[PDB]
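So this first bit is one chain, no partners, the form deposited without the named molecule, shown in structure tokens.
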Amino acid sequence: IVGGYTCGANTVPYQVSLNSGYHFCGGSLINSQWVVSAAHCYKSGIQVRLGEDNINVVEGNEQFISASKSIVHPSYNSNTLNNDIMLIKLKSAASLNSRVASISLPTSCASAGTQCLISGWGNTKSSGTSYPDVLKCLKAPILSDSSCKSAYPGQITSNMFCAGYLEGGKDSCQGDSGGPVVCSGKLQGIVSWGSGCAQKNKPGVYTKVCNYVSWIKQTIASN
């Protein structure tokens, strides 16, 4: 996250770190046994880390649970990033409390102008590299579809939205991928892609979760 603020320990209780020896992507806990992330975060050998603030220090609220199954969306396209969504089943259920909690799926899509919270452990610089150890947060609005398409001609599908600031300076970045965009207490987006970080006229692009609720629910019910 570029241009954000330190969230505070366990203030974003649905935020996950995906670990394969190191943090590589975020995710969101949607019930005691399932996480949603980006398909471009797929790899084998995932450990899901819940209850994290500092990802390099054991602080006492963590739960570390291996994945048993990963399911990439059937229509994910790695070239265009259309349908950039994945489900991960945990080997055992997490223990839910005030610091480790699920986030609700949306019943309706959010409109442009809605303010959302984006979080992650990604790079905090737009030029150069500095990775934080504690969770960072950013408040940002959903942008109109017209502004999004004008920023990325030919690249925005109906399964994507833009959020952020056209003036630049505040955005998600490398290492935030897969993490949550929460608006009015519901998971509306997944950190997906952009051109660089925090550049003028190049806001972040997010997977539009409201288009996937039926697939999520049916997949969880049968796996």
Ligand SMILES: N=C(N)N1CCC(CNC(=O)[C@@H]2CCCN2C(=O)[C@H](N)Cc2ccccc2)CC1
The other form holds:
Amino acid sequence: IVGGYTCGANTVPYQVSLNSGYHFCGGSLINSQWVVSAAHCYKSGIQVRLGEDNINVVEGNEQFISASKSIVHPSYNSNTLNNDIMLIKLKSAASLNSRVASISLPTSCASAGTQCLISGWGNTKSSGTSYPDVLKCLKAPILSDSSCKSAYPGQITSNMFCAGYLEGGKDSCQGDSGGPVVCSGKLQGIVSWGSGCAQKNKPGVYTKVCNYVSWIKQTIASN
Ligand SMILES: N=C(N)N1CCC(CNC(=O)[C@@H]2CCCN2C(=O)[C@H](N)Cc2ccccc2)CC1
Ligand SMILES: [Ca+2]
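Coords for the form deposited with the named molecule bound, given the form deposited without the named molecule:
First the chain shown before, then all remaining chains and molecules of the complex.
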């Protein structure tokens, strides 16, 4: 997260870190045994780390649970990032409490101008690299489809939306991939892609979760 702020320990209790001997992506807990992340985060050997604030210190409240299943959307296209969504099943259920909590899925799509909370342990610099210890947060609005397509001509599908800023300085970044965009208490986005990070005229692009609610529920019910 570039241009954000320190969230505060466990203030984003649905945020998870995906770990493969290092933090590599975020995700969102949607029930005690399932996480939503980005398809471009898929790999074998995922350990889901819940309850984290400082990802480099055992502070208490952490739960580390291996993934038993990762399910990339069957229509994910890695060249366009269309359908950039993946479900991760936990080997055992997380213990839910005030610091480890699920986030509701949308009942309808969000509208342009809605302010959302984006979070993660990704890069905090728009030039160069710095990765934080503690979870970072950014308040960011959903942009109009027209502004999004103007920024990324030919690249925005119906399964994507833009959020953030056009003036530069505030965005998600590498290592935030797969993490949440929460608006009015609902998981509306997944950190997916962008040109650089926090660059002028190049907002963040996010998977449009409201298009996948039925697919999520059926995939969970069948697994
Ligand atoms: N500014 C941000 N809000 N983000 C936040 C998310 C991160 C991490 N996500 C990536 O790095 C994804 C994974 C694959 C390539 N890619 C890109 O974003 C490419 N730059 C553009 C692209 C290439 C091919 C297809 C679709 C898009 C990037 C910065
Ligand atoms: Ca920790």
